[PDB]
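Student: Residues per chain are reported as follows:
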Amino acid sequence: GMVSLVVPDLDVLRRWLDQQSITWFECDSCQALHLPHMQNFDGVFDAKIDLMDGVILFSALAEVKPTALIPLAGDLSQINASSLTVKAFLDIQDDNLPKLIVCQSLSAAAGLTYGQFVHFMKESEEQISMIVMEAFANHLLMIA
Amino acid sequence: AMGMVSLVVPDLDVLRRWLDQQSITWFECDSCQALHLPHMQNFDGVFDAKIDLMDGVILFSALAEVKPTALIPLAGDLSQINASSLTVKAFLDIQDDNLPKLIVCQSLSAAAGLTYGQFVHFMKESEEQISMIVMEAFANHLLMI
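Protein chains in written order, with the deposited numbering: chain B, 2 to 145; chain A, 0 to 144.
Just chain B, with the same shape it has in the complex:
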């Protein structure tokens, strides 16, 4: 049948997460909707929903072992090639543990439907969790 096509803002996303019974919290310092259930996957210290220039991003963050940083940076092509949708890259700071970011995007500027968002939440959770769990099994990550 027919469905509403909507250009969403963060309130739309929050309501759509409630409609899925997916729990979210906020950071006071940050603009994302954080997803506590993703910390049930080993290696995940945070996961979140951002909205940035009309694109939705679901990302998960893992802390990387300093000794695995170089082998991981050398695995990035194969990790990115392993998923049709998910992408993985490193975020390295001078003040902190290096981070693996594993993320999927959904472009929202031409409108989305609720069902498209639901599918996104499920496909992303699956594809993201797979990469991060694999990295955890390969002894690359710190326990959260």
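Derived from the structure by calculation, the hints contain no laboratory data.
Cβ atoms here follow ideal geometry from the backbone N, Cα and C, with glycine treated the same way.
Please note: incorrect hints may appear among the correct ones.
[Said to hold, decoys possible] In the DSSO-like style, the derived pairs of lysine-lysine whose C-alpha atoms are separated by at most 30 Å in a straight line are:
no., chain 1, residue 1, chain 2, residue 2
1, B, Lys123, A, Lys123
2, A, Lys123, A, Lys66
3, A, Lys100, A, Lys123
4, A, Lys100, B, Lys100
5, B, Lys100, B, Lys123
6, B, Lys100, B, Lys66
[Claimed, not checked] Simulated coverage check for chain A against chain B, where a stretch passes if three residues somewhere in it have a Cβ under 8 Å from a Cβ of chain B:
no., region
7, 1 to 7
8, 52 to 62
9, 76 to 82
10, 102 to 111
11, 114 to 120
Chain A: place on chain B using the hints.
Tutor: This is chain A only, laid out in the frame that chain B set:
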């Protein structure tokens, strides 16, 4: 808030039609199911671009050939290239028989349905983001002719 639509799950024929409606030329390899996109070869570096449909996901990918001397440096900048776009991915495909390739790509998840307008948005945003990545790598002398 732009109204009611009816979504379609496209197959490859749907995508052919949708590319026809945007007057985007495509053609078919003897040896893939990808819809190749000649117009992408007008961006320096790009030796091939195509659309694939696989397991309910559309992929718009461009391929460029990387100079052997730029391979390690490019391997080192992948995180930054992937962090620089909200939607495009980039990775290396290296064979013993050929030159290394840089693969720059964007996906559109199709299995829950799409409107034609979403697909159009995808082609325009993919082209823009892919070309930006490939052009910058060309400018930085990482690619072959």
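Student: For every hint, state whether the structure bears it out.
Tutor: For each hint, the structure was consulted:
A hinted pair counts as satisfied when its Cα atoms are at most 30 Å apart, and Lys123/B with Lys123/A qualifies at roughly 26 Å. A threshold of 30 Å between alpha carbons decides the hint, and for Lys123/A with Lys66/A the separation of about 28 Å falls inside it, so the pair holds. The straight-line distance between the Cα atoms of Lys100/A and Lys123/A is roughly 23 Å, inside the 30 Å bound, and the hint therefore holds. With a C-alpha separation of about 27 Å, the suggested pair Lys100/A and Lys100/B falls inside the 30 Å cut-off, and the hint holds.
With a C-alpha separation of about 23 Å, the suggested pair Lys100/B and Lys123/B falls inside the 30 Å cut-off, and the hint holds. Restraint check for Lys100/B and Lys66/B: satisfied, since their Cα atoms lie roughly 9 Å apart, inside the 30 Å limit. Remark: the region 1 to 7 of chain A is confirmed as covered by chain B, as 6 of its residues place a Cβ nearer than 8 Å to a Cβ of that chain, reaching the required three. Only when three residues or more bring their CB closer than 8 Å to a CB of chain B does the claim for the region 52 to 62 of chain A stand; here the count is 4, and the claim holds.
Check on the region 76 to 82 of chain A: 5 of its residues sit with their Cβ under 8 Å from a Cβ of chain B, so the three-residue criterion for coverage holds. Check result for the region 102 to 111 of chain A against chain B: holds, 6 residues qualifying (beta carbon to beta carbon below 8 Å, three or more required). Remark: the region 114 to 120 of chain A is confirmed as covered by chain B, as 5 of its residues place a Cβ nearer than 8 Å to a Cβ of that chain, reaching the required three.
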